[PDB]
Structure formats: structure tokens, C-alpha cells
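Each chain, written out:
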Amino acid sequence: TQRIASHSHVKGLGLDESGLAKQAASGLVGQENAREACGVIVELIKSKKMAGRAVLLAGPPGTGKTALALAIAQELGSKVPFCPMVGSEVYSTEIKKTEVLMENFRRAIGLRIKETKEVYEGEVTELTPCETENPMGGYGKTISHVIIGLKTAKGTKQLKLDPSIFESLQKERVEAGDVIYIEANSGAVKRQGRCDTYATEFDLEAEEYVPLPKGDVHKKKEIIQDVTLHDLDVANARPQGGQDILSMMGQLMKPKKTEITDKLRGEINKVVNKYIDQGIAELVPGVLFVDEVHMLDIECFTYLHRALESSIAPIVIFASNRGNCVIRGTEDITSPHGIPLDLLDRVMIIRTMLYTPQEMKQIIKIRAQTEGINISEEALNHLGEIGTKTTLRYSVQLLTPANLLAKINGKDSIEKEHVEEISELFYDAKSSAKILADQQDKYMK
Amino acid sequence: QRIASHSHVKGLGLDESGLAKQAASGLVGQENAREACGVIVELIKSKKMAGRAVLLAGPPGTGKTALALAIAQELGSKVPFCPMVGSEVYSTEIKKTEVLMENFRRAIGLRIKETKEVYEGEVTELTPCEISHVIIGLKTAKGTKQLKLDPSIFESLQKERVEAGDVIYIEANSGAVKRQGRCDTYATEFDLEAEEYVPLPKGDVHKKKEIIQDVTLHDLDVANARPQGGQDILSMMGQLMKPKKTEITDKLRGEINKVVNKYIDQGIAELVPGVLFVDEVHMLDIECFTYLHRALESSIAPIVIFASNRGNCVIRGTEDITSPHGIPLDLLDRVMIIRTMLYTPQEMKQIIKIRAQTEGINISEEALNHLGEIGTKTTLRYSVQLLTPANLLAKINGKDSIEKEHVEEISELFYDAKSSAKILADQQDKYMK
Amino acid sequence: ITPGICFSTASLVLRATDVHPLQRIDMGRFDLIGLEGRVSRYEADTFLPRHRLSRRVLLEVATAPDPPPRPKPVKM
Amino acid sequence: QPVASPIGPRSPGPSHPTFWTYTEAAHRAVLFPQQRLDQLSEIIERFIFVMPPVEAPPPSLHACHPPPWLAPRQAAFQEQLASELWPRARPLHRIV
Amino acid sequence: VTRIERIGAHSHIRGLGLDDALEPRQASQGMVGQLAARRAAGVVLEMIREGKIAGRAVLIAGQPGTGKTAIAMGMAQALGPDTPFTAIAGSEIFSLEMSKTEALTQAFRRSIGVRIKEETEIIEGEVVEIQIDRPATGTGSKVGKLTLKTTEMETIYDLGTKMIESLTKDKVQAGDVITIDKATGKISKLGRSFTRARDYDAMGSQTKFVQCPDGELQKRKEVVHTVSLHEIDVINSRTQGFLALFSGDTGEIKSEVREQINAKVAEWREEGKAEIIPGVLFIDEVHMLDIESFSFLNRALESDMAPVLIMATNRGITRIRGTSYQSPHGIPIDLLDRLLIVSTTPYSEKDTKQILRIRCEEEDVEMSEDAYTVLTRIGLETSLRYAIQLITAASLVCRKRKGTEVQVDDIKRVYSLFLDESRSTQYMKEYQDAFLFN
Amino acid sequence: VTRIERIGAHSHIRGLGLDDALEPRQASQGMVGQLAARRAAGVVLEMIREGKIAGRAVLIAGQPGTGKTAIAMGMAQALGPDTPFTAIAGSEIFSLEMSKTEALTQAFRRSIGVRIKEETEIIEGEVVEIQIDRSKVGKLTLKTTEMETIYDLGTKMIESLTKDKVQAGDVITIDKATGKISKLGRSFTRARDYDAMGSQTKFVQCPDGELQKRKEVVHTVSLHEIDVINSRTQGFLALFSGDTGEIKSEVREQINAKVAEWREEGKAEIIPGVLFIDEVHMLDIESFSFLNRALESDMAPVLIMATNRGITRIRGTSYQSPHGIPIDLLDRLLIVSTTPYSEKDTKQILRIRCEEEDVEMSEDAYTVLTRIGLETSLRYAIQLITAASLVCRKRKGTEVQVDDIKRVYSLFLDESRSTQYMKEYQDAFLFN
Ligand SMILES: Nc1ncnc2c1ncn2[C@@H]1O[C@H](COP(=O)(O)OP(=O)(O)O)[C@@H](O)[C@H]1O
Ligand SMILES: Nc1ncnc2c1ncn2[C@@H]1O[C@H](COP(=O)(O)OP(=O)(O)O)[C@@H](O)[C@H]1O
Ligand SMILES: Nc1ncnc2c1ncn2[C@@H]1O[C@H](COP(=O)(O)OP(=O)(O)O)[C@@H](O)[C@H]1O
Ligand SMILES: Nc1ncnc2c1ncn2[C@@H]1O[C@H](COP(=O)(O)OP(=O)(O)O)[C@@H](O)[C@H]1O
Ligand SMILES: [Mg+2]
Ligand SMILES: [Mg+2]
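Keeping their order, the protein sequence lines are chains L, S, Y, A, D and X.
Positions in the first sequence are counted from 1; adding 11 to them yields UniProt numbering.
All letters in the second sequence, in the order written, are residues 13 to 142, 154 to 456 by UniProt numbering.
Positions in the third sequence are counted from 1; adding 916 to them yields UniProt numbering.
Positions in the fourth sequence are counted from 1; adding 1929 to them yields UniProt numbering.
Positions in the fifth sequence are counted from 1; adding 15 to them yields UniProt numbering.
All letters in the sixth sequence, in the order written, are residues 16 to 149, 156 to 453 by UniProt numbering.
Isolated chain L, as found in the complex:
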């Protein structure tokens, strides 16, 4: 968080309340049409009524595609799931590519569970059965309640409980002076140790003595837990916590991703629907961002048709900087973005354009502000001129070396000389390619 990454300045899409894109806002400069389209996509995600919709961000490299996706993620917030992914990740040594894609799809669909946990805390002061003056059957003693006195920091309360709790109390070996908690939703007694006020400095027990509970005896709170469908799938496919031989084998054996079946996923879907109907949970459909989609092969592209045609799928955002490239897994088949036309027919294409020198200068200034770097006007103009040739990434990557060089020279700002020296020290792609071409005999291969 404290370290500054490549998209650390993107705080969202700089959109007016009417959806029109401001020239410079929220860390984004230019790309007004793409930003407006991404705002429409954000509204689509927030509507939560569409499944399987796909958006392809198409444009030359270094045009804000990843920045736009991260701005969308910022607009949605942390509540909405956002699963970034590169196309190379489908190639796994454990599971098939379609399984990786399906798992990321289920990772993008989140579920928020709200529950109220009501507990009774306290140190047991009293443990008294409530006998009945008329014993049932004539002989012996019959009890109708068990009075348990619970003491906390700021109160003391007595609880008339069901007689059946006497067995739980004996099983937990609960005596006076012990700290216990009873859960209303289950009616069970759990002994969380003995009070620390009865411990002496000469005792050696570690987990036996506990502090007297703070707050009120009756504690109730609303628990909000955010989970994804993939979390439930994984927890059910390779369960952890059993005491049978299969759980022991799972613990012993090396963990391995498996091809989760449609049966388990259908069961998870049924459970999620049941929770939603009960009011416990609320579905939070999020976004799956697949950067470098062109790295997917023909099998992944073919599977994506069925994946997007599903009624449970999230909204998928693709990104590709390729031109009329050859689809991977095929022999000499060319498609406009490296993506077969069948999948391009299922996506909405958002075009990102190149940046004018003024927009490049603005982006450089924003990056300098983010990195805590003071740059003079002449140095900024020179660096923007450097960015007119070479690329924008080279210019934004010369900021920190130049700042270090200035600090070594003893100056608190980057001057033009520092940028010139850094440009001399570090080469861009085009200059290096020129050097390689001029000396192709001396290099290898």
C-alpha cells in the first residue's frame, strides 16, 4: 500500500454526474469516450441484473486499458468482487484450462452473508437447579430450570435455562468461577477457561486462566461475511477439519487443485439461492478482468462461448493490444485482435486511442505528483518531448532515476540536466533496436 505501483494514481473514472468525462479527474487524463463507455459498464455492473456480458478493451499498448479496468474496480469499490487475471494463467500443471476459467468465473461472483450472533458471557457465580415442590412420579427430585449467574465487568445477570443444559455443564466441567459463553442460536455451553482473578503467580497453566469479560453479559452483533462461490466450491471439494481417514489423507497429501464437478457447483448454487430466499445472504455479482486475452488458446476461446452464455456468469472485461494476429492453438488463422470472430461477436468493443503530447505531459505530471517528485516546467516539457518520441512509459519511468540523480546532486527538484543525463544513461526500445540493427553481426542468434 505504501509502495507506489504503476496504477497507483488511478482513483476511478473522472466522470461528471451526467456521465460525461472530465478532461482530467480522478487521476485519469483524456480517453473521454473510453471512460464514458466504462462508466456505462460500471452502471451495468451495479444494476446486478445482467449475466455473462463481455467487454473487450481494444487499443495500442500503453493506452490505459489496464488503467481503465482498475478505474472501473475503484468505481465499484471493495464490496464488489474484482478478479484480475492474465491469459497465461490458464496453463496449469494441475487442472485443465477450462477449469481455471470456470474457477475465475466463480471467483467473480460474490456472496455477502449477514447474521446476528447473540451470546451470553460471564463468570459463573451461581449454579442452582430449580426444583419443583411436586416431584413427578412421587420419588426423587425433579428440576424445571437451572439458574446460571453470569458476571462481567459492568454487570451481573441470572439466566433461567432449560434443564437439559445440566449435561452440557457437566461435559464441559463448568464450576463456579469459570468463564463460559452460551449461544442463543444453538443452546450450548462452552467453557472458555477459568477467571484470572483466581490465579496465583505460582501457577503454570497457559490456556486455563482468562480475563474477566468486558462489556455486558448479553452481547449481540451483526456479522457481515463476504464470500465467493469459488470459496464454497473449494471448501467443499477438499474439505478441511474432518477427523476421518479421508481428511487425514488430505492433510498428509500435497494439496492439488481439482476439476470441481457440476454436481457440487449446482449444490452450491442451490444453497446460495436458499440463503438468498431466507434473507441471510445477498448476491454480489462482480467483474472478471482477463488481461492479455490473446494469450488464451483456441480451446479457451471456444469454452468462453458457453461460459458467457451462462445465466450465472459475471460481467467479463477483456483487453488485447494485438492487431491481425494468429490465434494461439490454430495454424495460420488470423483474427482482428487475436480473438476468433465468434467470441468477438459476443463482446462490446471499447476503443482506446493514442495520447496527444499535452495529455502525455499531464499524465507525466500526475505520475510525478504521485511519486512525490517535484519537476520544473522546463524539465516537464523536455520529458514530454522525450515522450513524443519513444513512448509514454519510458517518460514516466525516467522520473525516479532523475529524482535520485537530483538528490545525489543536492537538489530538491528535477532540472533539465538531470533528465538529459538519465536519457543518456538509459535507452528506450527504439534506440536499443537501432543499436542492435547497426551491430547485428556481433550479437547472438
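Derived by calculation from the structure, the hints in this document are not laboratory data.
Be careful, since some hints might not be right.
Stated by the list, open to error - Cross-link-like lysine-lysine pairs, in silico, DSS-like; alpha carbons within 25 Å at most: (1) S/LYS201 to D/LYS197; (2) S/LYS268 to L/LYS268; (3) D/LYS279 to S/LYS108; (4) S/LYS232 to D/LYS197; (5) L/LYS400 to D/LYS444; (6) L/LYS281 to D/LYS223; (7) L/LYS152 to D/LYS186; (8) X/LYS157 to S/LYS265; (9) D/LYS444 to L/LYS441; (10) S/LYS165 to S/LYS108; (11) L/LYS128 to D/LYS177; (12) L/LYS125 to D/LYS223; (13) D/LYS279 to S/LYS22; (14) X/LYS157 to L/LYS182.
As the list claims (entries may be wrong) - Looking from chain D toward chain X, a few residues come up when the C-beta cut is under 10 Å (computed): (15) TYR172; (16) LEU451; (17) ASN453.
Claimed, not checked - Negatives, chain L to chain X, calculated, CB over 12 Å: (18) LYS125; (19) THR127; (20) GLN203.
Note that beta-carbon positions come from the ideal geometry of N, C-alpha and C, so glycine has one too.
Assemble the complex: chain L is given as a structure, and chains S, Y, A, D and X with the ligands must be docked to it using the hints.
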């Protein structure tokens, strides 16, 4: 019972002299091929030759698989018949040669006499004897007997929750203890017990039964390579940690051969050499063919029937080596080739009528002639596959028989391969790739 | 149910990997993975450098007489 | 131990922040293998019937004069493994 | 609140929309046009429902966006949940855990259901009073008594030890409506007829009550158990197979196990114990299968346990995967001879407009007639899916400007914002050097 | 004596040889020439030391023998051992156990060090008596050289003491918070003169001071190590075996959050480091695509790369790119170019190598060797240094002369002469 593609094939339709009747046992033509298959059936029944390979060669739709299943029907259910497709050797667990060898051993069967020792009765006493043995008392309608059993049997009884009064079945050979229920005599004691009651056994406490077991060499190999008969912790551990198939060694197969020869010498086993059928042999690669050379040269191998519809085609696994059936000439030198021929329109009509009778469909003569004409173009398979949709159409319109109009309607609704090819050629710019 | 396979081999084969202790070195001086879950950083870094025995202390303890018996507890 | 799961670790009590983080609804959506067995009891009773055609004990290694320590060591290893693991294999009794 | 299932591509398709004579209506149950293809799908559906012919294969072939998957989904919705319907993509059979033939076999056997129907004795009533007497110390025989009540009956039951243990484990109290199966002794609580005593604490909020059951106490009810062939294979393959039913990780199931299961299911069918419910396997984009998978399909369709196979492909004369051979639909001619091909014709203007109207109705989007005309023109010029996406895009744009009906201006706005394949390719040609490769 | 570290190809490099202004000296810390490249490396090293910016990539490009790996080793040496420096080759990401992206993720998380700091109260003493009444309640007596006290035990403490078989004379430590007991050793008495000892028993002195002590442990671990620890129940074993597999992304996110929590609490500190991939051209296009977006994380180290390829073919594709690297990644990185060395630089490098190997050479020998190095290659001359030293020692000489260099030049061939001799007898060799 559902009607499959070869449900009408009941035999080779041969006479007593071995000659092929024209239409018999669901077969219409291929008289030379049927006579050759009868010779092959007699060879299999001889149980003298080993590793004799036969190739069924001909265009698709000429009844090669029908002839193989007819050979199976002639042989009977006792003789093993393992059908495998050439695409099945490409497993992700074991090597292709291991798959081929396992399918070779699956074809050899063994009928072995076995005696089962059974302890069956109501438990009257379950006294542990200190590792703690068990002394058990069993009663039937004929008597009572007391037995001393191994601690493993006591553990099994505990796992079955066997208590005094329960009817149990013990197999002494496998040590398998089954609790069948609480005895019927105690079914009146309670009104809700959550128990299943069983009558008292009416035989003796100790019984010996002799039965005939049908097993294959592959079953013995698997049982001796992934053992689960010890009922010890190590067997469970091996089963749970190593569930995948393994490449069984030649040493294990030699030991199994020795054991089976010993059983046959003892007179309690009978060998049934059996048949292996590989349908899409062209889907094997050159390594599989090279292995099959030596495998067929073995004196243990079964009779293998191969099939292929390929012409002069490139052998899989090779770059550009082309062989007459997709099979290298070395393996073709080791096979007897049975040639299947294309069917005449009359034979097509006969096959259509047989399929209609098999599927319980009444078809008029005009409809039969029209469907045979449809089969003259396109293929016989398409004409046969139009019978059920036409029957459904006739049933919808209230007719109990197929008329020519129903056949015309079905042919209009469903295209064949040639019509679809024409459509693709006419609209190549609109379809993908 | 079949009897198991009895695989018979030479008795000398089962001793092929066996090496007499007088012919092999102690590999426990290179046992790094055996220390995990048993040896702590405290033992290696702070305690042992301070509380390693010396030959002088060992000889003094060995030569010295037995320590006097521990006095019985007295409620005082 | 349950890292990155809807199931929370064993919180000592409400004093621990983990007590108020996880829900019982999430817990009930994850089924242990024992719960799965209880869920498929009728299916197990009705549909599990396939028996191996042959059953054999594992191959045994025999030498005339084996090292007298190998067999007792294997016996002790098997005994300890059985004493630790056989109680955990009881749920699979009906399947076996 | 939004359920796990939302508006998808084929959410408007509720069935094939045919009449009794399998004559397709122009617009019914979401389907518009494709009359011949829908009639063929209805005939295939009748063949599936009859369930008498094994291993029938149908190929739905046509241009992209002609309704192949729409027809498949309509068939699936018309079949109903009773009949199995396994829909997979061609890419899904390429697995590192199992062979391609094994994956195809599992797909086939997930499409056949085995149903076991049996009658059991069932006790359903309201618990009036339960008494359980147990020894104070040491092992002993628990003795108990249970009283159950209906609207017309009330019986007092003497309980055995195991039923006592079951009741103790289930924590059955007075007022709980419980179900007891006499054979297995399983007890299932299905509600409370009334509340517990109010004077008790730490009890929680009492839920709603359940009316007491009527009729006799011990009834006889029919219990139906339905599993697929694949589930039987998995649970019989190994001891841990039931977990493999959810985790996958089945490996390759032995052919011996499958042969035994086939024999046993045939025996059950002959003995009247079980009925076989054949279903459908739908392989979308079957052109991704290689030659080995097709060769396996050739002979796997010849079994009597094979389901109806439905394939969809939009390929013309194309190279078969794994080979260098050009074939129609990317499928070898040997497999093409075993299957009937159903062609889908392209949609007209009125069919496109009706599809757009159905989509708008599904998405709860109100659109003007001029907007419908413009959107239909765009769909004819570009594609149907682009217009479908612009439906929702224009709905969102209209809602942003506090509107109620999607106008031509909103459609133009989303047409400018979002590009089709053609305009994107044009703009990429305009800046070809800026893009990386070619 | 001969230690495990011996004279290698970069044993003479101790640093980048820069001053306080990052101006490279002509010959300092074992580096000669490459002034611009060394200055760029120093700037990158200052960037690494600051640690503010994440995911910075630098490519050291140049002709073979121009000092790319020399510069990388100089950067590694100049950087302290405190800061992680993971040096891998490009071929090492092709694993049979985990994917290429998983290998690159593991290398990235191996390049970030996490320094932990735990302070714990402990009881430390020698056991005098253990009395247990009946496994219900008991007393334990512990002593130091200056102290002795008795403790009342509970059920779990008694069970833990019985499990560890703690008896009299054992020196143990007990953690107050968790109660875990580890045995340090046992005290030596006259009666404990064992003739045979167990593999774990060792005799230690009775601790001095006070029975209650505070234990402070400071150690540096990487993110990958924490991932492997928390991957499975005994995941620390995979830190030795390497059988890690593909770690779940959820585990990594949880560990990132926990590490951030530790950093906020003051219990841990982050030391971002360097991942050096040498000969990156062996990476496939998928690996480059993964690297493109892996560098964009906030927990990404500095990625230093080195290739000697010209415009060549990218592995896994049919495209030609200036370094074998797709131009999208090349736009994400700064390129440091190395120039070929001059005669003076070659002679100075030969002198440094001779000093490193402790070889005395005459000036005529140095001239001849420099001429050979310019004509054939620098590495050939470097090898001839040791060859001539050995030949000189064989003839009982003390200083390498021109005759020794000529002798080893005739004995050992460079690539050009061997290729010529092969072309002379081309038909003899196989598969031309
Ligand atoms: N319009 C913009 N406004 C502000 N920053 C931008 C803009 N476009 C790109 N950037 C920044 O410049 C860098 C270029 O990367 P990016 O354009 O996201 O790559 P890609 O084009 O592959 O998505 C990113 O770090 C991004 O944060
Ligand atoms: N001579 C025949 N008589 C009756 N039916 C036949 C005959 N030949 C083939 N058939 C039927 O035609 C179909 C094609 O047979 P098949 O053996 O699959 O062809 P091939 O093996 O040559 O590809 C099968 O369903 C079979 O039942
Ligand atoms: N005849 C039709 N009736 C209703 N909706 C249709 C029809 N044809 C296509 N669609 C819809 O158009 C969209 C794309 O059609 P689709 O079936 O995916 O084309 P393809 O046949 O190439 O798979 C789907 O969401 C589908 O619901
Ligand atoms: N500037 C330098 N100073 C000292 N030695 C150098 C220098 N440059 C290269 N060398 C030596 O040359 C040899 C080859 O250079 P190296 O950097 O290892 O490989 P390359 O540069 O070809 O990738 C190394 O043994 C190194 O010691
Ligand atoms: Mg489709
Ligand atoms: Mg190098």
C-alpha cells in the same frame, strides 16, 4: 430394452456346411465375409492357436462391426469378448503398450471351481479372549455351534455392531462379516427399535458351497498388483494414496501364468482363450503397431480382430508414411484380411426392413421403396436413421404405419452429409473457417 | 480369493544397503531438516553459546563428590 | 489452520476478533466427508455393488535367513499405524 | 433481490414453442422463426421422450447467431428436470486428469439416469410427550416412551435402545413434528407445532409454527432415488469415490467396473427394480474435438446405454483437429454418416425485430417504435448479438438521463460508445502500425 | 584451506566501484570500464535501496563478454545481504511441478524479504523434582544458579510434561503464553556418566540469572516462505523439498493482508529486493505476458534482466523482436547497453584476474594475452591465464612467460580454430 445400432444382429447366418445364407440372423449380404467370420469363429472355438490377427477391411457402412458382434453372438456369453477402440490407448495414467497388454489379458478368461465356507446363525455368545480373539456362539434352526475366530473377525464384528441376538453371515475365505439383522424372535419386544429384523437361518451353522467363478487374467493381475485382500491397514493406505493404474510388470504376469497353469493342472480351472476386438485400429500410432507385432507373436495372446475403413492413409505417429489401411505393412503381414463390399439397393431394402422390424415400425411397400431410393443416394445409415422420425410423424398424424409422405417430410426436415456439404460450399463465406 | 504371491530371494540381497556402523560416518551432523519443530532460535543463538559445557567443568563435576542431600521442606 | 476459508478457526471466545467475523450460514454451506456420507447413505446402500472379480493378499517377500530386525520393525510400524488410523476408517465400513 | 440465475443470453427461451402437431408458431415461448429447425428439434425431442432408440446423433449446423444454442436451450427447457441433460463444450474433454475417451464416456454416462422406486413405512406426527429413563452411572439399558399425535390419532410408543439414541441425538422435544422411517430409524424434524416455554432464557427468537399432520400415524409413502450411471461408476470405482463425486479427481474408471454396472442395471431393469431414464448430451462447438474423440464417438454411440447426442457447429469445410484433412463442419465423414443434420436459416427483418422485442421484454426495457426500427437496421447491418447488447446499453444510458423509454438518441449514443467487429477492424486498419503484431 | 567457495568467473567483483556521486571509477572493486553501464546500475541500486517504487524492470543488454553478468554480480555484492537478491536463469521456470507463471510468482515473492520481530516471556530453568498426584494436580520445581521456585501444575501442563518425558536434571524452557515445553539439555552429575548417548541428548550448564526471561527473535523470511509455510499442514517441509505445487491465490492474498497487519503493528518490516533473471530470452511469450502484469503489483520487486540476443525470434512464437522480448514488455523497462572493451580495458581485466588467481605474468605475456583476448575472446584469455599458470608450474617456473601462453594457445583451441579444423574434416563429423 432399448434398441441400439446392432440389436438385430444375432449371428452369422451360416448353414451347417459353413456357407452363408442370404438373409439370416439379421445379416443380408457379405456372404464371403460371413463365411470367413465363420472360419474365424471355428478357429476361436478350437482353442489351439494364439495371437492370430484378423483385419476387417472395407468402406464405412459395410458391416464390419456388425460382423464382429455376430462373431460374438456365435461364440456365446461364456467366451470373453473385449471391445476396445483405438482411441482408448491414449491414457493419462499408464503407457499405451500397458493398455494394449491389459486389453490382451482381458480377453483370456478362466472358469475356476471354488469352495465357500460360511458361518451363518444367530449370535448367542460374544466373548473376547485376550490382540484379543473372539469366542462366538451361533445357532440355526438345525443346531448350535461355538467357534473361535481371529481378532480381525472380532474387529469386523465390532464394526458391524454385532451383539447377542443378531443374525450374521461370515465368509471364512475372505473374512467378510455381514450383520443381517436382529432375529425375528425379538421383533415383538419394542414398538420403535430402529432395527431391521431377519428370520433365523434354516440350514446348518457351517456350510460349504462349491461355485464356478468367471475371471480373466487381467483380474488376477490387478488383484496381485493393487492388493486389497489382506484387510490390513496397509491395503487401505495403498488404495487411498495410489488409486491410479500402474504398469504391471512382466514378472507379475509370469507369476500369474504359473499360478493359472498350476490351477489347470489341479483340475479346478478351465481356460477360455477369448477374443479381442479393436474397432478403429487406424487411430493407433506406430508405437502401438510395433508393440502389437511382439504381442501377437506371443503364445499367450488371444485372437485379435481388427477393423478399418481408411484407404491409403498416413499412419498416425509418422510424419508422411502412408500405408494401405493406415496399418504398417509389417502388421498387415501378420493379419488375415476379410474384405467387405458395398451393398446393392436390394440389400439396402432388406436391411431397412430388418431395422424397421427390430424397432417395431410398420412401413408400407411404397414407403420402403422410397426409403431404399433415398438410401441409394446418401448412405444406408441415413436411410435407416430416418425410420424413427418418420414413425413419430405417422403417430402424430394418427397413422399406425409409415407412408411415403412421412418419409418425404422427414427427408425435407433432416439433411444428409452430401446436402450439408453442398450448402457449405454454396455459402463458404458465411460459415466460420 | 487367491493365496498371495510368495516371492523368494537370496537372504544376502536384504543386506545390500546395510553398512556396519564402524564403516559409516554420522550423518546427524548434517541433519538440518530434523531440527525443524524441535530446535528453537533461542537454543541455537542465546542459550548454547552461553551455557555450553567445558572440559574443565565436566572434569570438576565428575571428580567432585556427590552433592549433599536436598533439605526437606520446612513451613516457615 | 483453515487459511482462506469460509470456515473460521477455533476462536477461544467472543473476546477474540475471529468470533464475530465468521457466520454459521457459511459454516453450514461446507460439508465434511462425514456429512457427505450421511447425505448419501441411501445411495450408498442401494447403488454400491461392484466387487473385484479376484481378491488377493499383498505379495510377500521370503528369504531363508532375513535380517532379524526387518520383520519386527515392519510389525511395529503396522501396529502403530493401525492403532492410530483404524478408528478413523470406521465411517467407510458400509462402502467396504 | 437477485437470485443466482440472472438474465443471460438465452434467459428468454422457455421452450421450443410448438403445438401438438409439432408445428412451430411464429413467436411462442421466446423462439422466433427457425420454423424448420424448431420442427426438427421437436421431432428429436419426441424421440428423446419416447426413450426407445439408443445412440441417436443430431448436428445443428448454421451460421453464427442463427439460434443453434437457442434451439438447444429450448430443447433443454422443454425436456424438463426429470430427464437428464448434460451440456458441455468441446474444449472441456481435454483434461490432465483423464483421457479424452474417458471424459467422453463420463459425459455420456452423466446423461443416463437410473431410478429406484420403493415403498417404505413412515410415521409422521406431533410429539406430545417424550420420556427417557437412563441409568445414573455406568453402562445400562435406556428405557423410554414416546407419544405421537395427529388430527385423528394419538399413540404411545415403547422405544428401543437405538431409537432412544436416535431421539437423543436429534434432540426431539414436545411440539416437534418429526418423521420416523421404521426400517432405518432415521428421524427428520420438519417444524414445531407450537412455541417452547417463555420463562426459559437463551432460547432465541421463535420461528413460525407448522400445522400438525393429519390422517393416520403410520402411512406408506413412495421413495424415489435417482442417480446417473456416472455417479454409480464413481462411487463404485473406489472407497473414496463419493468425495470424487464433488471434487472430480475420478481418474480413469476401469472398464470392468463399468461392465459390471451395465450388467447390474440391466438385471435391475429386467427385474423391475429400476427404470432407465435416457437423456441428452449437448456438445457445443463440437469442431474442437480431435480425430481420436470423433473415432471414439463413432463406436460409443453403438451402445444400448448411449444417450441422444446433439452437436452444434458453425464451421464450413474445415480442417479436422489433430489431422490435415478438410471435412464438412470439421467432422469426419464417418461420424457425419451416423448423424442427422439440422440446418438453421438466417433471420429476416421481422424475425430480428421480434427477437429484439422478446429480449427487451425479458430485460424489462421499454423502447419506442422508431428505436426498434433503428435497432433492427443495426442488427441486420452488424449482427444480432450487437443489437442485443445495445438493448441493455441504451437502457442504462436512458436511465442515466432520467428517462423512461429508450429513444433513437440513446441507441445512437451506445452505437457511438460501443463498437462492433467491423468498425473496430476498420479503426485498427487505420492504425495498423500502432498495434503490435500484424 | 579449501572452502566450498572457490575462484569462479566473478570472484574478483566486490562492487560497482562508484563514488558518492555514482561516478564509476576506472578500476575499483574489481570492475574495469563500462562506465555508463556501471553508472546506470548504481542509479538502479539507489532505486532499490530507497524501496519506494514497486515493479521496476531493467534490462542489461549487450554483446557476449561485455560484462552484463559482471554488472549484475557487482550490483548483488554492493547490495547488502540484508536485501534479498534472487538470481535465477530463464530456463529454471520450466518446471514439471508448477506452471511458468507459478514459478515466476514464487521467484517474485522470494525477492521480497520480511523481517519479523517477536518478543516472548519464557521460564527457563533446570528441573529438580516433578511430583504428580492421582494426573490431576502436581508440582514442578525449577532452579537456576541464583534462584529456585515451585509451581502448581494443571491438567494440560501435566499432560505436556508427561508427553515430553521431562524428568529431573533436564534443562527446559516453558513459554508462558502457549505452555509449550522445549528441552534444551540435561545437567551433568556424577551419576550421569553415560557410556552411550542418544542422538538428541546433550549436557548443558544450569542457566544463571532469573527464572523468568524475555526472548527476542529477529529473523528475515520471504513472502514465498510464508506462502509455503501456510500452504499445507506441514508446509515448512516443502521449504526443503521444494514440492510446493501451485499455491492458491487466496492463501497469497491472506498472507499479504497479514503481512500488512504485522507491518502496521510493528512486528515486521518489508525489505523489497531484486530478482535477476539471466538469459531471459529463454522465457516464452506466456512468461513475458505474465511479467507484463506481475510488475504492476504493489508487492513487486525490482526485476533486473540480461540478454545478449539481437533481433531474434521470441520463444513460443514466430515473431522477431529486438531482444527476443515482445515490445510491450520492452516499453515497461529501461535498457542498459554495454559496449565492447578496448585493449586497455582487456589488459586491466586480465591483470585483475591474474591477481585474483595469484598468477605472476610478465609484461610481454600480458601483451600477448591481450592480443589473444582481442582476437578471439576475453573468456578464452581468462582461461589461458590458468592454463599458462599450470604449465609454468609444471616446468618449475615462477612467472608465466610468452612461451607458456603460446604452449597453452596451441594446446587449447578457441571456437574459431576448432570450427576451422572441423571444416577441414567435415565429412568425418556426424550430421553436418
Ligand atoms: N488516460 C490516462 N490517464 C492517466 N494515466 C494513464 C492513462 N493511460 C495510461 N495511464 C498510465 O500509463 C501506464 C500505461 O499502462 P496502460 O496504458 O494501463 O497499459 P495497457 O495499455 O496495456 O492497459 C499505466 O501505468 C497507466 O496508469
Ligand atoms: N449385412 C448387414 N445386414 C444387416 N445390417 C447391417 C449389415 N451391414 C451393416 N448393417 C447395419 O448397418 C450399420 C453399419 O454397420 P457397421 O458395422 O457400423 O459399419 P462399418 O463397421 O463398416 O463402419 C450397423 O448398424 C449395422 O447394424
Ligand atoms: N430464433 C430465435 N429466437 C429467440 N432468440 C434467438 C433466436 N436465435 C438466436 N437467438 C438469441 O440470439 C443470441 C445469439 O444466438 P446463438 O444461439 O448464440 O447463436 P449461435 O447459433 O451461433 O450459438 C442468443 O442469446 C439467443 O437467445
Ligand atoms: N567491467 C568488468 N570488470 C571486470 N571483469 C569483467 C568486466 N566485464 C566482464 N568481465 C569478466 O568477463 C567475463 C564474462 O563477462 P560476464 O558479465 O560474466 O558475461 P556476459 O557479460 O558475456 O553476459 C566474466 O568472468 C567477468 O569477470
Ligand atoms: Mg452457440
Ligand atoms: Mg552472461
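Okay, the hints, checked on the actual structure:
1. At most 25 Å may separate the alpha-carbon atoms for a hinted pair to count; S/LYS201 and D/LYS197 meet this at roughly 21 Å.
2. Our distance criterion of 25 Å between C-alpha atoms is met by S/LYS268 and L/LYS268, whose separation comes to about 20 Å.
3. Taking the CA atoms of D/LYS279 and S/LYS108, the gap is near 30 Å; set against the 25 Å cutoff, the hint is violated.
4. With a C-alpha separation of about 35 Å, the suggested pairing of S/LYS232 with D/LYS197 is violated against the 25 Å cut-off.
5. A threshold of 25 Å between alpha carbons decides the hint, and for L/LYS400 with D/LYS444 the separation of about 22 Å falls inside it, so the pair holds.
6. Between L/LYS281 and D/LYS223 the CA atoms are separated by roughly 23 Å; this keeps the pair inside 25 Å, and the hint holds.
7. For the hint linking L/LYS152 to D/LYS186, the alpha-carbon distance of about 23 Å falls within 25 Å, and the restraint holds.
8. With a CA separation close to 45 Å, the supplied pair X/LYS157 and S/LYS265 exceeds the 25 Å bound.
9. A threshold of 25 Å between alpha carbons decides the hint, and for D/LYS444 with L/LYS441 the separation of about 23 Å falls inside it, so the pair holds.
10. Between the alpha carbons of S/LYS165 and S/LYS108 the distance comes to roughly 57 Å, so the proposed pair goes past 25 Å and is violated.
11. Of the supplied pair hints, the one linking L/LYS128 and D/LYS177 is violated, its CA atoms being roughly 35 Å apart against a limit of 25 Å.
12. For the hint pairing L/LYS125 with D/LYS223, the CA-to-CA distance comes to about 21 Å; that is within 25 Å, so the pair holds.
13. Among the hinted pairs, D/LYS279 with S/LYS22 is consistent with the structure: their alpha-carbon atoms are about 22 Å apart, no more than 25 Å.
14. Between X/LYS157 and L/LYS182, the direct Cα distance comes to roughly 17 Å. Compliance with the 25 Å bound is thereby established for this hinted pair.
15. Given the 10 Å rule on beta carbons, the hint for D/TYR172 is violated: about 43 Å separates it from the nearest Cβ of chain X.
16. The criterion of a C-beta within 10 Å of any C-beta in chain X is met by D/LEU451, whose closest approach is roughly 6 Å, and the hint holds.
17. Checking D/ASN453 against chain X by beta carbon gives a least distance of about 9 Å; that is within 10 Å, so the hint holds.
18. With a minimum CB-CB distance of about 22 Å to chain X, L/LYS125 clears the 12 Å threshold, and the non-interface call stands.
19. Look at L/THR127: its CB is around 26 Å from the nearest CB on chain X, clear of 12 Å, so calling it non-interface holds up.
20. Every CB of chain X is more than 12 Å from the CB of L/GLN203 (nearest about 14 Å), matching its label as outside the interface.
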